[PDB]
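Only one protein chain is missing from this complex, and each of the others stays in its spot.
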Amino acid sequence: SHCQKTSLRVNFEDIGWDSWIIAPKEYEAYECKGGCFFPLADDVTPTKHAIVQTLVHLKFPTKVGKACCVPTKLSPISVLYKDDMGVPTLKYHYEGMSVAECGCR
Amino acid sequence: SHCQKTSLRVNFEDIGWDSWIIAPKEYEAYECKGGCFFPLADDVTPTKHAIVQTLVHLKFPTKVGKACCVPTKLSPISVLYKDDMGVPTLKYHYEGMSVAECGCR
Amino acid sequence: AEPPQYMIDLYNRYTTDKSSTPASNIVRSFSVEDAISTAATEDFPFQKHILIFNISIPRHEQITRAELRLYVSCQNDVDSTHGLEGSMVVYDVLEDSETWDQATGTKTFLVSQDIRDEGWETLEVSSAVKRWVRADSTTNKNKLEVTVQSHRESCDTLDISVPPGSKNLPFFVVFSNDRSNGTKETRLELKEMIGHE
Partner (left out) sequence: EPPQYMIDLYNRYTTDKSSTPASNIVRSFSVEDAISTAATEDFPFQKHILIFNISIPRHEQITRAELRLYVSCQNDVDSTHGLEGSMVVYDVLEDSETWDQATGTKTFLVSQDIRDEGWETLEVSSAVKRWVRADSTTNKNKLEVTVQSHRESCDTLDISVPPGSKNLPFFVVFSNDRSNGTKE
């Protein structure tokens, strides 16, 4: 395939986070699916090392692997939860919960 | 395994970058090998999405993949090369050439 | 137990399509830990309540606003249909004493509030909490005294619902932001997740 952002809804009960997350119990986390195949275009914002390793992969595919398709930017969500001390906490921007951009690294 | 930095020597002749890279002839680019298996410890600097996705993979291994072990920080090297116009260019800090840290994303 | 609906309503407010983003990113709810109540006397004709809390805000956080929510109600009194009118004042307690309440110690005035309707009242007492965060380990704080003064034509036993009662007890609402603009807070957030993981 091709490294791209896909949809992914996460129910916290399924992962067991219902034990402390009061809301929203379920949200859109997104997912980076696909592979980083040569050539790496601009739309995955490749780094020089990612480009190097990819070129090495072409030369030595049995010894060196290709770049991985990972989230480049992450977006916050609104989360109401309980602290470790049980203190009710509401955070309008709970950073790093959903994928904003995907890329090759 | 464990998401960790491994050695990786890159000869520019092998990838064809000898056509513009004057120096060096080969350098240490390093590589992030291993997998992001539960639980993700501090030593791979996991993001909240990486933690979420990991827990989802355990719950739904047929739908969601685990986080990928990728370079988190990158270190520059000194590179002498030719510009697109053929202009000899020397950069003491050629950013993003070698792996400094690895992590789960 | 469960968090107050006020926190949930704040969440619902933030998640509804509001045109205005909140002034504070971090909001916490701290219920009262213990309460010392003294009935009205001839020398001091008002209800006295010393409220002890356990507010603990990280030093990397810069708090914006704090609210003390109390439930004002004529406490199931006869002739309670004669009205409900009065005022209440909250003091930050600096020095305490095991004699009476307001009849001793050291206090700093916070908020004066005239009351009418039975229900929840909100008192902006950000000042006290800021001093509680900057403890300086010299004076014993993290607590405050609330006095309830009834007017002439009002309820006999006008008061706020406090311990040892179990219905509509007081609680703190702290509005806070991160000093490093989210840098230090998200780090502590992460270590919490790995602990929950």
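Labels for the chains are A, B and C, by order of writing; each one numbers its residues from 1.
Note that in this section a contact is a pair of C-beta atoms (placed from the backbone, for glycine too) under 8 Å apart; a residue touches a chain by one contact, two chains touch by 3 or more.
The chain that is not drawn here is touched, among residues B:23, B:41 or B:100, by B:23. If you put the missing chain back, the residues of chain B touching it would be 22-24, 78, 80, 82-83, 85-93, 95.
In the analysis below, only the chains that are shown with their structure count from here on.
Taking the mean of the C-alpha atoms as each chain's centre, chain B and chain C sit 51 Å apart. One finds 40 Å separating the Cα centroids of chain A and chain C.
For chain B, residues that reach two or more other chains under the stated contact definition are 47-48, 55. For chain C, residues touching at least two other chains, in rising order: 189-190.
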